[PDB]
Every structure is written in C-alpha cells, then in structure tokens.
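Knowing the structure of chain A, use the given hints to seat chains G and I on it.
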Amino acid sequence: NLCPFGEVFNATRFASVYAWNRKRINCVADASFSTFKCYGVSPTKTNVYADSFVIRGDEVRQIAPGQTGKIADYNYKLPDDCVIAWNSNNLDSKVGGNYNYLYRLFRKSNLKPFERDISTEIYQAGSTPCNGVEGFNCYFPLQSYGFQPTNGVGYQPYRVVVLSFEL
Amino acid sequence: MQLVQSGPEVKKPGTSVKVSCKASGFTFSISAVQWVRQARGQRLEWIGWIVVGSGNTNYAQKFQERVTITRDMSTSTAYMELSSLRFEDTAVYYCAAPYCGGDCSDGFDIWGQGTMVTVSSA
Amino acid sequence: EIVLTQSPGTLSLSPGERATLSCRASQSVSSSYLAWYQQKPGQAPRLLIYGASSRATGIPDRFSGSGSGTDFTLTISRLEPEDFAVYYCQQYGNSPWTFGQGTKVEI
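So the protein sequences, as listed, match chains A, G and I. Taken in order, the first sequence gives residues 334 to 358, 360 to 364, 372 to 386, 393 to 428, 432 to 517; the numbers are from the authors' numbering. Per the authors' numbering, the very first residue in the second sequence carries number 2; after that it's consecutive. Per the authors' numbering, the very first residue in the third sequence carries number 1; after that it's consecutive.
Here chain A stands alone, though its shape is the one from the complex:
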C-alpha cells in the first residue's frame, strides 16, 4: 500500500515540544523543508516512528544526535545512533502572542533518548517543599514560547517532524 505520511506532515495542529507526539508507521515511501538534515540513515534508496513537535526556529540545531541544549537535554532527546522542519510563521503565531506552545525549562536530570515527560510538577530547587506554590526556590517547570508573527527569523515557529526507522 501507500503510507499516511500526509496525515502527520499536513496535520492541522502539531503538539508542543515537551509532549512530542509519536506515530508508528506496511508501505514503502519514496514544501521548502528548510533543514532536511539526515543522520540515522544514509540518503539512498520493519517500522518507523514519526515524532511531531513545535520548537523555536533556531532550535532546529538542537534536534540532532549528541547535541547539548535545553531542548535536547530536557524536552526531546535523540539517541547517539531524517529530520524535516518548516517555518509556520503565518500558521502558529498569533499577533497578541501564541502562548499555546510550551517547553521544559527545569528538570532534575537529563532526558533519556526518546523519553517523554508531560509532568507539570513545580521544580523543587531548595530544601523546602514547594507544595504547589510558586515562589523562592519553587519555579514552574514549563515556559511559554512567545510566538508573534512579527518576531525575528530565528524566533519564528518551525514545525518539525522526526522520522526514526526501526528494523
């Protein structure tokens, strides 16, 4: 048969980075797509997983194996062993600020590769329990991407889909 690659790429709304949605993809598969950097397999002709998230424009560099940053370490981590990204400025950027997308700024330990964390627990930095009250040494784990269409080229939102082939 053919592959529903058209239902992840051309999807209505992608999920936020921290809650990166994964879709399992029997078919053989042959836009601007700014970065079509591929690491896992050489570009030449059992299952594959499609991970779709929304990250800041410049953060596309962080979605690579052996890369160290907030996105990779905390939000979405890739194992050391293709990636497609397009700019969604006119699609996912509200003038008053599209705070719908969130990223994980505070985490005790780095994320395991392909691990997924949807926790909303207050980062307990100090030795006093935060009991659901944000204050000193008690900071919310997630921050909101300020997404305005008038943002710079870097800060414009870029829809990204990750393909992870599994034989």
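Calculated from the structure, these hints are not laboratory results. Warning: the hint list may mix true and false statements.
DSBU-like cross-link-like pairs, simulated, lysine-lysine; straight-line CA separation at most 30 Å [what the hints assert, rightly or not]:
1. G:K63 - I:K104
2. G:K23 - A:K417
3. A:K462 - A:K356
4. A:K378 - A:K444
5. A:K458 - G:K23
6. I:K40 - G:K63
Positioned in the frame of chain A, the structure of chains G and I alone reads:
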C-alpha cells in the same frame, strides 16, 4: 564562590544606571538574584528578584516603572538598571543569590560587595 | 503587605551576655522563609539563620534562631567582640519581600 558587583557609578539625575552582578563559583542556572539597596546608616530596601533559569521577574511596586532586572547565562552575570535617577536614589545596591550548587541551599547565602551610585547635577 | 517590627532599637550589652533579639510580622510568614542577617559597618551582609531555625554554613554556634507564625527570635548566647553589629530580619515567603529596621548591638 562569590558574587562580584560592578564598580562605583557617578550619574546625573534623569539618566539610567546599570549595576552588573557577576556570579562565579556556583551553578548560576537554578539560582535567583535579589537586589537590595541601602543608604548610608539606613535600613535595607528590596528592589526585586529574578529566577535565573526561568527569567521571570517580580518587582516591588516602588521600582516597577524605574527598574529592569535581567541576567545573562553566557556571562553568568545578573543586571539591575535604575532609570529616571533621582538625587535620593544615591545609595549602595546589594546583590544576593543562593548557593544553588546541587540543591539550592534555601537561603540567600551569597551577597555582593555592593555598588555605590552617586547622583548629582554636577 | 508584611510589616517587620524589630525590638529593641538599640541593644547594648557587655561580652559574655545573652542577646535576645525579636522580629515580629503583621500577617504570619512561612517559617521556611524567615532569615536573619548580620550587617557589619561598611560590609556586605552575611546570612546567619535561614528557615527561621537552620543555621548557615560557616556561622558560629552561638547564633541560634527560633520562632514561627508571626513571632521570631534570634538568640546569641556568648556575645563576642566581633559580634557587635546591626542585625536585620528579612522574610522571603510572601511578596513583596521585606526587611526590618534592624536592631543595633552596642557595648
């Protein structure tokens, strides 16, 4: 481990002064910088505090318009700028942060040397 | 707003005498967020007690902190020559964070 504040500052009324507090020795990421001002032989006054990691800022209503507290993780330096300087704003300003090496120590244990900003027409 | 009232204004005692300084608040403050600071003449403050009762690292054993709710007290059992300074009490629980007028330790 220490916090090193900026050198003494001499500014005219109506300008804006920026005092730099640079963190060294402790993991500045999960820390939080608090700015306190003290005039000669007078009680301490608290401007505001910033979560270094999140960047979220909370200001006392006194300096709401007049100050902006920022930080730069590349230089491990926190900044506090007081705008529309008045003669009465002349005082030493202190920078306080918690030694948050592993666990954040639950207390402002690091205090800077202070910066002396003197505002006068001449 | 939290009001931090310190008593007394000027406290004068001889070395080897117990110093009982008190810090009072308007509305109860979280006991985990009540610090005591020591201010030397022309020096940056150094935190004595954090958490209203836990002593800081590198602080002599003579300094001890107590109190909960609206009342907090700092106790110095063995006053020393270097122990003469002003003592400020700050709360970092509820916004805005406030500082006391400070109590002076004299001879």
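Comparing the hints with the structure gives:
| no. | hint | in the structure |
| --- | --- | --- |
| 1 | G:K63 - I:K104 | holds (27 Å) |
| 2 | G:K23 - A:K417 | holds (22 Å) |
| 3 | A:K462 - A:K356 | holds (19 Å) |
| 4 | A:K378 - A:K444 | holds (29 Å) |
| 5 | A:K458 - G:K23 | holds (25 Å) |
| 6 | I:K40 - G:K63 | holds (27 Å) |
In the structure shown, no violation is registered for any of the earlier numbered hints.
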